[PDB]
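Only one chain is included here, represented as C-alpha coordinates and corresponding to the form solved without the named molecule.
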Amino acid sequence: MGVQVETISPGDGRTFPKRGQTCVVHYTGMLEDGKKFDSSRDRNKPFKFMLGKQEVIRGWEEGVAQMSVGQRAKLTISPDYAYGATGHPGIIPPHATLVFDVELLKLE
(Lines of atoms letter the chains of each structure in order from A and count residues from 1; the text may use other names and numbers.)
(Lines give C-alpha, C1' and ligand atoms only; values in the text may rest on other atoms or scores of the structure.)
Protein backbone atom coordinates (compact mmCIF):
# COMPACT_ATOMS: atom_id res chain seq x y z
CA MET A 1 0.00 0.00 0.00
CA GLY A 2 0.98 3.67 -0.09
CA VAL A 3 0.19 6.21 2.63
CA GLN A 4 -3.11 6.45 4.49
CA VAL A 5 -4.05 9.84 5.97
CA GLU A 6 -6.38 9.87 8.99
CA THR A 7 -7.36 13.22 10.47
CA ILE A 8 -6.66 14.01 14.11
CA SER A 9 -7.65 17.72 14.24
CA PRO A 10 -8.80 19.89 11.33
CA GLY A 11 -6.73 22.59 9.66
CA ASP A 12 -8.06 25.46 7.60
CA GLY A 13 -9.25 22.99 4.94
CA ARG A 14 -8.14 25.41 2.22
CA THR A 15 -4.33 25.77 2.12
CA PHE A 16 -2.46 22.69 0.91
CA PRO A 17 1.32 22.42 0.38
CA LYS A 18 2.48 22.89 -3.21
CA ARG A 19 5.73 21.70 -4.76
CA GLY A 20 8.66 23.86 -3.70
CA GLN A 21 7.10 25.20 -0.50
CA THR A 22 8.74 24.61 2.87
CA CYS A 23 6.57 22.60 5.27
CA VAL A 24 7.07 23.39 8.97
CA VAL A 25 5.89 20.44 11.07
CA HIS A 26 5.96 18.84 14.45
CA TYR A 27 5.91 15.06 14.19
CA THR A 28 6.24 11.80 16.07
CA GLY A 29 7.34 8.62 14.28
CA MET A 30 6.41 5.19 15.57
CA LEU A 31 6.87 1.61 14.43
CA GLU A 32 3.75 -0.46 13.80
CA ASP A 33 3.88 -1.86 17.35
CA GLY A 34 3.79 1.72 18.70
CA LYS A 35 7.47 2.20 19.60
CA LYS A 36 8.58 5.79 19.06
CA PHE A 37 11.80 6.04 17.06
CA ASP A 38 11.82 9.78 16.23
CA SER A 39 10.02 12.93 17.36
CA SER A 40 10.58 16.61 16.61
CA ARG A 41 8.48 17.42 19.70
CA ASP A 42 11.00 15.79 22.04
CA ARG A 43 13.64 18.12 20.58
CA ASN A 44 11.31 21.14 20.96
CA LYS A 45 12.13 22.27 17.43
CA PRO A 46 9.81 22.01 14.41
CA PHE A 47 11.08 20.11 11.39
CA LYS A 48 11.27 21.86 8.01
CA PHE A 49 11.44 20.29 4.57
CA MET A 50 10.80 21.44 1.02
CA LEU A 51 8.03 19.56 -0.77
CA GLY A 52 9.16 17.77 -3.92
CA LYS A 53 12.89 17.63 -3.09
CA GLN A 54 12.79 14.06 -1.68
CA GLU A 55 14.25 15.25 1.63
CA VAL A 56 11.68 13.01 3.38
CA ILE A 57 10.20 9.57 2.69
CA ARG A 58 7.75 9.25 -0.20
CA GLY A 59 4.90 8.71 2.26
CA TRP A 60 5.63 12.16 3.67
CA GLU A 61 5.85 13.79 0.23
CA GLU A 62 2.46 12.46 -0.84
CA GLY A 63 0.83 12.47 2.60
CA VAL A 64 1.68 15.95 3.90
CA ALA A 65 0.60 17.36 0.52
CA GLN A 66 -2.91 16.13 1.42
CA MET A 67 -2.98 18.12 4.68
CA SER A 68 -4.22 21.66 5.18
CA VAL A 69 -2.31 24.26 7.19
CA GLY A 70 -3.00 23.75 10.89
CA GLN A 71 -4.10 20.14 10.48
CA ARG A 72 -2.82 17.31 12.63
CA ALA A 73 -3.09 13.92 10.96
CA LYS A 74 -1.99 10.31 11.31
CA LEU A 75 0.06 9.03 8.36
CA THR A 76 0.32 5.25 8.10
CA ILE A 77 3.07 4.49 5.59
CA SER A 78 3.86 1.09 4.06
CA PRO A 79 7.51 0.07 3.54
CA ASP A 80 7.52 0.83 -0.20
CA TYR A 81 6.73 4.46 0.76
CA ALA A 82 9.18 4.34 3.69
CA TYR A 83 12.52 2.63 4.36
CA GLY A 84 11.68 -0.48 2.27
CA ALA A 85 13.22 -3.93 2.60
CA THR A 86 16.42 -2.44 4.01
CA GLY A 87 14.98 -0.28 6.77
CA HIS A 88 17.42 1.72 8.84
CA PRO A 89 20.07 -0.10 10.99
CA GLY A 90 19.10 -0.10 14.64
CA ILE A 91 16.21 2.34 14.12
CA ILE A 92 13.75 0.99 11.56
CA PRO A 93 13.55 -2.79 10.91
CA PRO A 94 13.15 -4.37 7.46
CA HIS A 95 9.74 -4.12 5.78
CA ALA A 96 8.38 -1.75 8.42
CA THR A 97 5.03 0.01 8.30
CA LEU A 98 5.42 3.35 10.07
CA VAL A 99 2.87 5.59 11.80
CA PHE A 100 3.51 9.35 11.91
CA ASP A 101 1.58 11.88 13.97
CA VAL A 102 2.12 15.08 11.97
CA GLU A 103 0.97 18.66 12.58
CA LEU A 104 1.44 21.08 9.65
CA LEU A 105 2.17 24.34 11.49
CA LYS A 106 2.74 26.65 8.49
CA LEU A 107 4.20 26.93 4.99
CA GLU A 108 7.22 29.07 4.08
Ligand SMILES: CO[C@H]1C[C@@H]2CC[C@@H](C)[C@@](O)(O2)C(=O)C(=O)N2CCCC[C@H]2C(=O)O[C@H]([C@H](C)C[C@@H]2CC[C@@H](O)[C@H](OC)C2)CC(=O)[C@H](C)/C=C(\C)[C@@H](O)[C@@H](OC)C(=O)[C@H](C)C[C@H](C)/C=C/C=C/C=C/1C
Second form
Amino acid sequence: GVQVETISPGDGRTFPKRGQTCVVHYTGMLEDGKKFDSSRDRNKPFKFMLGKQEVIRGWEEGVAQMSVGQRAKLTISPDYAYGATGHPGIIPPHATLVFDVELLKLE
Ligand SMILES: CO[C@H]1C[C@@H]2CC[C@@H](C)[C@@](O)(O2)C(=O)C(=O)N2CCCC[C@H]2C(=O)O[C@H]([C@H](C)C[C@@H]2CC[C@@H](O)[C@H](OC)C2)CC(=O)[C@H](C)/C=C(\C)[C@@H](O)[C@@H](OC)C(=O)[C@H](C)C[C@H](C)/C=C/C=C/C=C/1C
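Switch from the form solved without the named molecule to the form deposited with the named molecule bound and give that structure.
Below, the chain from earlier opens the complete complex, with every other chain and molecule after it.
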Protein backbone atom coordinates (compact mmCIF):
# COMPACT_ATOMS: atom_id res chain seq x y z
CA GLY A 1 0.00 0.00 0.00
CA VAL A 2 1.24 3.43 1.06
CA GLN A 3 3.23 4.25 4.20
CA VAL A 4 3.07 7.86 5.37
CA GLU A 5 5.92 9.24 7.50
CA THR A 6 5.68 12.86 8.64
CA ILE A 7 8.63 15.15 7.83
CA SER A 8 6.87 18.21 9.30
CA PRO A 9 3.39 18.21 10.89
CA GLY A 10 0.45 20.14 9.44
CA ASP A 11 -2.21 21.93 11.50
CA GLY A 12 -3.71 18.51 12.30
CA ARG A 13 -7.24 19.81 11.65
CA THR A 14 -7.64 20.85 7.99
CA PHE A 15 -7.83 17.77 5.77
CA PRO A 16 -8.85 17.65 2.07
CA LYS A 17 -12.43 16.83 1.11
CA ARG A 18 -13.37 14.63 -1.85
CA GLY A 19 -13.58 16.81 -4.97
CA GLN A 20 -11.33 19.49 -3.46
CA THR A 21 -8.19 20.67 -5.26
CA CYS A 22 -4.98 19.91 -3.37
CA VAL A 23 -2.00 22.18 -3.99
CA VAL A 24 1.29 20.39 -3.34
CA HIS A 25 5.04 20.51 -3.82
CA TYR A 26 6.70 17.14 -4.41
CA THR A 27 9.88 15.28 -5.25
CA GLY A 28 9.60 11.75 -6.64
CA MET A 29 12.22 9.01 -6.73
CA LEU A 30 12.52 5.27 -7.23
CA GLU A 31 13.09 3.63 -3.83
CA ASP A 32 16.85 3.78 -3.12
CA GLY A 33 17.15 4.95 -6.74
CA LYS A 34 17.03 7.91 -9.11
CA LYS A 35 14.96 11.07 -8.70
CA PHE A 36 12.62 11.32 -11.70
CA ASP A 37 10.46 14.36 -10.91
CA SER A 38 10.31 17.50 -8.76
CA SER A 39 7.66 20.25 -8.88
CA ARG A 40 10.00 22.37 -6.74
CA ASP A 41 12.53 22.46 -9.60
CA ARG A 42 9.99 24.11 -11.92
CA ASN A 43 8.96 26.58 -9.18
CA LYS A 44 5.24 25.88 -9.60
CA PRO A 45 3.11 23.77 -7.22
CA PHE A 46 1.31 20.65 -8.47
CA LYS A 47 -2.49 20.53 -8.33
CA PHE A 48 -4.94 17.62 -8.40
CA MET A 49 -8.55 17.00 -7.39
CA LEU A 50 -9.00 14.38 -4.65
CA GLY A 51 -11.36 11.46 -5.33
CA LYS A 52 -11.29 11.85 -9.12
CA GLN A 53 -8.77 9.06 -9.85
CA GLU A 54 -6.44 11.74 -11.24
CA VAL A 55 -3.37 10.34 -9.46
CA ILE A 56 -1.98 6.95 -8.37
CA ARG A 57 -3.63 5.17 -5.42
CA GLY A 58 -0.69 5.84 -3.07
CA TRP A 59 -1.14 9.58 -3.63
CA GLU A 60 -4.94 9.41 -3.34
CA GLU A 61 -4.79 7.65 0.03
CA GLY A 62 -1.58 9.36 1.18
CA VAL A 63 -2.64 12.98 0.63
CA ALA A 64 -6.15 12.26 1.97
CA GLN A 65 -4.65 11.63 5.44
CA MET A 66 -2.52 14.79 5.41
CA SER A 67 -3.52 18.14 6.93
CA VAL A 68 -2.71 21.60 5.51
CA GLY A 69 0.95 22.48 6.04
CA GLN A 70 2.00 18.85 6.46
CA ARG A 71 5.07 17.47 4.73
CA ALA A 72 5.44 13.69 4.52
CA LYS A 73 7.48 10.86 3.02
CA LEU A 74 5.16 8.57 1.06
CA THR A 75 6.53 5.10 0.35
CA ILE A 76 4.27 3.63 -2.32
CA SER A 77 4.39 -0.07 -3.19
CA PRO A 78 4.01 -1.06 -6.90
CA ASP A 79 0.33 -2.07 -6.52
CA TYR A 80 -0.50 1.48 -5.34
CA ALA A 81 1.65 3.06 -8.05
CA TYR A 82 2.24 1.75 -11.61
CA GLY A 83 2.18 -2.01 -10.88
CA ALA A 84 3.44 -4.67 -13.28
CA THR A 85 3.05 -2.36 -16.30
CA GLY A 86 5.11 0.57 -14.98
CA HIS A 87 4.86 4.03 -16.51
CA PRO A 88 6.12 3.99 -20.13
CA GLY A 89 9.70 5.27 -20.44
CA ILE A 90 10.01 6.50 -16.83
CA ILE A 91 8.95 3.91 -14.23
CA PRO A 92 9.85 0.21 -14.69
CA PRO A 93 7.64 -2.79 -13.74
CA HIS A 94 7.31 -3.47 -9.99
CA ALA A 95 8.80 -0.15 -8.87
CA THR A 96 8.38 1.08 -5.30
CA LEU A 97 8.18 4.88 -5.32
CA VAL A 98 9.19 7.44 -2.70
CA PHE A 99 7.55 10.87 -2.75
CA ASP A 100 8.31 13.88 -0.58
CA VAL A 101 4.94 15.65 -0.56
CA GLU A 102 4.05 18.96 1.12
CA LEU A 103 0.37 19.93 1.27
CA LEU A 104 0.47 23.70 0.75
CA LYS A 105 -3.23 24.65 0.52
CA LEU A 106 -6.73 23.56 -0.50
CA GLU A 107 -8.79 25.24 -3.24
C1 LIG B 1 4.67 16.21 -17.37
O2 LIG B 1 4.37 15.81 -16.04
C3 LIG B 1 3.19 15.00 -15.96
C4 LIG B 1 3.22 14.14 -14.69
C5 LIG B 1 4.41 13.19 -14.57
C6 LIG B 1 4.18 11.93 -15.42
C7 LIG B 1 5.20 10.85 -15.10
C8 LIG B 1 5.27 10.57 -13.60
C9 LIG B 1 6.33 9.51 -13.30
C10 LIG B 1 5.47 11.86 -12.79
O11 LIG B 1 6.80 12.36 -13.01
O12 LIG B 1 4.51 12.85 -13.18
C13 LIG B 1 5.25 11.66 -11.30
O14 LIG B 1 6.02 12.17 -10.50
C15 LIG B 1 4.12 10.87 -10.80
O16 LIG B 1 4.23 9.66 -10.68
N17 LIG B 1 2.99 11.53 -10.47
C18 LIG B 1 2.74 12.96 -10.67
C19 LIG B 1 2.47 13.59 -9.30
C20 LIG B 1 1.22 12.95 -8.72
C21 LIG B 1 1.42 11.44 -8.58
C22 LIG B 1 1.87 10.76 -9.87
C23 LIG B 1 0.71 10.53 -10.81
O24 LIG B 1 -0.30 9.94 -10.44
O25 LIG B 1 0.82 11.01 -12.18
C26 LIG B 1 -0.27 10.75 -13.06
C27 LIG B 1 -0.05 9.41 -13.78
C28 LIG B 1 1.21 9.42 -14.65
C29 LIG B 1 -1.24 8.95 -14.64
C30 LIG B 1 -2.58 8.79 -13.91
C31 LIG B 1 -2.50 7.77 -12.77
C32 LIG B 1 -3.88 7.59 -12.12
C33 LIG B 1 -4.90 7.09 -13.15
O34 LIG B 1 -6.18 6.93 -12.53
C35 LIG B 1 -5.00 8.05 -14.34
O36 LIG B 1 -5.85 7.47 -15.33
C37 LIG B 1 -6.53 8.45 -16.11
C38 LIG B 1 -3.62 8.34 -14.94
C39 LIG B 1 -0.36 11.94 -14.02
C40 LIG B 1 -1.02 13.14 -13.37
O41 LIG B 1 -0.84 13.40 -12.19
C42 LIG B 1 -1.91 14.01 -14.22
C43 LIG B 1 -2.08 15.39 -13.60
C44 LIG B 1 -3.25 13.32 -14.35
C45 LIG B 1 -3.66 12.67 -15.46
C46 LIG B 1 -2.79 12.56 -16.69
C47 LIG B 1 -5.02 12.01 -15.48
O48 LIG B 1 -5.55 11.93 -14.15
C49 LIG B 1 -6.03 12.71 -16.40
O50 LIG B 1 -7.15 11.84 -16.52
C51 LIG B 1 -7.82 11.95 -17.78
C52 LIG B 1 -6.49 14.05 -15.87
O53 LIG B 1 -7.55 14.11 -15.27
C54 LIG B 1 -5.68 15.31 -16.10
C55 LIG B 1 -5.85 16.28 -14.93
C56 LIG B 1 -6.07 15.95 -17.43
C57 LIG B 1 -4.97 16.82 -18.04
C58 LIG B 1 -5.37 17.30 -19.44
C59 LIG B 1 -3.66 16.07 -18.09
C60 LIG B 1 -2.56 16.63 -17.60
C61 LIG B 1 -1.30 15.90 -17.62
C62 LIG B 1 -0.36 16.21 -16.73
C63 LIG B 1 0.91 15.48 -16.70
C64 LIG B 1 1.94 15.84 -15.92
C65 LIG B 1 1.87 17.05 -15.02
